[PDB]
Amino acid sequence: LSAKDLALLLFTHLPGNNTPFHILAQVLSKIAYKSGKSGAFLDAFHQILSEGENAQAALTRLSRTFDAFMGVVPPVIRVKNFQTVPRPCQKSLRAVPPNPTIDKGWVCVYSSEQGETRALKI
């Protein structure tokens, strides 16, 4: 079960496109895989769906509680500028705080060519 395979499974549960939950699904799948915890992550995700919570809620809770993401610095996504950040995410862009981690709702750091940064907050 690869990072891409996990991301595609999660995508089948998410409405629309270019949403913060899509960025989060891709970030979490990559970290889950690299830590050797892809299967455990997917099982946890399915358990939360079984409780009647939607995938958006399941991904939010797992980002906050699943051990693979505890104290993990968000990944950098290179962009031309903060205008080429997917439109539905632009609302959620914030200044990068001192010690950003996935478990505090810091999904990624957008890094512009001019060398500026914003963080995606859920």
Second form
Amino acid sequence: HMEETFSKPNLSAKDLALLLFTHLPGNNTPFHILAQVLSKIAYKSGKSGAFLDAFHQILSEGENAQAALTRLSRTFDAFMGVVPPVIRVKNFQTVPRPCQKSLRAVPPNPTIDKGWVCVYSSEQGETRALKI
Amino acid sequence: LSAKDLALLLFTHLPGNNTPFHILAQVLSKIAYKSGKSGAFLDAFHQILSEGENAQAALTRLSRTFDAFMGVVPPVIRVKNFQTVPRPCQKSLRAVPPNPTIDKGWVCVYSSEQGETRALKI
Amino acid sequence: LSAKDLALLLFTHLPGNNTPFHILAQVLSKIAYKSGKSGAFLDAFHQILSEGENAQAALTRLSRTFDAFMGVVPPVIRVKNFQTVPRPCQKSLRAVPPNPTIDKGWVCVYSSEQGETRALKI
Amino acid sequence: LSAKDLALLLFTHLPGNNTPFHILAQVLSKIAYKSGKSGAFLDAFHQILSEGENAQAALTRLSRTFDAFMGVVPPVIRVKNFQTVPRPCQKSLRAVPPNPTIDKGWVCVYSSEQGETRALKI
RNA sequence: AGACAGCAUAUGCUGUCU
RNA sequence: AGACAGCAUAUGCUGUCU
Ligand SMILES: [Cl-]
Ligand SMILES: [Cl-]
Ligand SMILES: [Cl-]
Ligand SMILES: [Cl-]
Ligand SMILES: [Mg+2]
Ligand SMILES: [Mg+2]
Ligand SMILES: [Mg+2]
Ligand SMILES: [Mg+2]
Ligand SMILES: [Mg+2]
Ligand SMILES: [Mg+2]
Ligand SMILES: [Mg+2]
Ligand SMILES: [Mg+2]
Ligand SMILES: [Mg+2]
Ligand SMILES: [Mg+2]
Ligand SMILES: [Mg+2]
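For comparison with the form solved without the RNA, produce the structure of the form deposited with the RNA bound.
Expanding to the full complex; the earlier chain stays at the top.
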């Protein structure tokens, strides 16, 4: 039982994002998208455990999960310089409703560490970036 | 004045029923009573109403500035499951963070019969 | 590119509608275009975005550093009364100082039917 | 110009309401008035604005440099308690230092009904 | 839906201290 | 550069009333 008590495996990107979702208010907000985006980059970087630990450390300072994710996007080394992923959509009406008003023209050189979550591209080759 | 008598006075100033603010008023009233600052708490609450702000603003202000409350951890409240949490409180439940305090808006920690927990956040 | 088309492009980078930054975009687009410096203004804007600053920061920076704006008096715009100013701008209205300029964050001077003036500040 | 009218004039240049700068504007207007220097005070304020400085910077500068304010003790303002202090000033209350003076950025000393003091600092 | 209220985040501008 | 503060905008969450 002691092995079972103390064993803490690294989480998959999907399990990581699900844990984050439990601390966030609402559903399909820009923070939910960021949680999925960051979880994927953290995982592929081999930093799933470090990222989750850093997330909890910020929370333990009294900050909520929204403040934690934006701080991590700013400071966590696996995110520095990283470009937001491009996501194909039929059109921009397809972007989750609570995200739509956070859409902006793509700047020339968008990065996660400046608050750019993802870039949506439509079937017409148009693009918008999701900004927190 | 008792913890329960205090809480009902506050209820007369709050819109609706069993909202997060109702729970907060109950949680604060108990802590205030136990610290012996039950009188001082109510006066502070009235003082703020006089200044033109409402009850919600009074409770959040007091929860952040009232001596008795600063640093205090939200209490654990047993429920059968999270759908027996009062309905106007259910969409304000989150995972419990490591160090919740009432002065940041954490009202209480609900624990289920499975030993799972959620925190009520204003 | 016309002043009008310049402002429409800048609007694609801006959050909200009719904010003080929308007004500033329109005011700077007109001044830039009249200076014959429309191409240079748009290039300097993009160059700033490309350094990682957002569009709001780029417009205030251009207002402070783009030669064609230094010491320029904000344009006077006639309005029925200050309730007619766009809602998101009304809280940013101040008494007109002596010697307002664009480079110090003064966007425009609203002039009411009754002859009073307020200046919009970013 | 009376202390009240002077403060009213200054208020038209300030953002928000009941900020520490509104309290300073009232404090300085009274001191200038009492010393027969309201005219010179208003002129010095306008002069600084006409250099492109904003109203907040003008008031902090005048508090430091205008002769009528040098070494003046901030006025003591009696209040029920510190919840009575305007909300935008509350986070700017500090312990009263040794020898508070207007020219070192201390605006006023609030004295609670229970004999405690805190000073408002810009 | 809207109005109001409370909470949070991001950005800009300003001021003070180190 | 950081800490803190003030003001504004934008967005999101929750509650009530209609
Ligand atoms: Cl219980
Ligand atoms: Cl005063
Ligand atoms: Cl007199
Ligand atoms: Cl007197
Ligand atoms: Mg299609
Ligand atoms: Mg009620
Ligand atoms: Mg919008
Ligand atoms: Mg008006
Ligand atoms: Mg004002
Ligand atoms: Mg929260
Ligand atoms: Mg500074
Ligand atoms: Mg210093
Ligand atoms: Mg020093
Ligand atoms: Mg809402
Ligand atoms: Mg709601």
